[PDB]
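Heads up, the chain below is alone and in the form deposited in one PDB entry; it's given as structure tokens.
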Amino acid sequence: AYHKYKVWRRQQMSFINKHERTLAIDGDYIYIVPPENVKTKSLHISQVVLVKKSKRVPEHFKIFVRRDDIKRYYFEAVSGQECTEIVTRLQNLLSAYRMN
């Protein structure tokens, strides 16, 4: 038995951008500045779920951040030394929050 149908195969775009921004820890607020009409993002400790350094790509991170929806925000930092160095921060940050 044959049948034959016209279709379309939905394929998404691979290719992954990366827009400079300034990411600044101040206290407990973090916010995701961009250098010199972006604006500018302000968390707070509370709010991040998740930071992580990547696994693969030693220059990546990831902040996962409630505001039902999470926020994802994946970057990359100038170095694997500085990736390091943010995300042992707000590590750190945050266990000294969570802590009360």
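Residue numbers count along the first chain shown, from 1. Definition used throughout: the rigid core is the maximal C-alpha set that superposes within 1.5 Å between two forms. What changes on going to the form deposited in another entry:
After superposition on the rigid core, the Cα atom of residue 12 is displaced by 2 Å or more between these two forms.
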Given for the second form:
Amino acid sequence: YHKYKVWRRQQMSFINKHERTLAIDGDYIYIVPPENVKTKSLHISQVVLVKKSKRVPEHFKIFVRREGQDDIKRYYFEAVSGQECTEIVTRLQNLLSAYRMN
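So the form deposited in one PDB entry is up there; where is the form deposited in another entry?
There are no partners or other molecules in what follows, just the one chain.
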């Protein structure tokens, strides 16, 4: 009559949202947590893609290459609002167009 002690294993998956500030300074983009992770300082030359989500108006992503790095870092964000999303993506798309013209 041995009953065995066992654990059922259940995959959980969820999406955490961590507050940042995103600042655009000329061709630099600074992605800054308030006060533990480090601030990210990107140059427009590093951005390979920047896109407002088609499903969720408030979502956008910025993909980034760096010089000694194999992979693309893929940074997904949610803006405070659909309108702030479109502003941030447009401003970055225009900086990237301008930079790439050269």
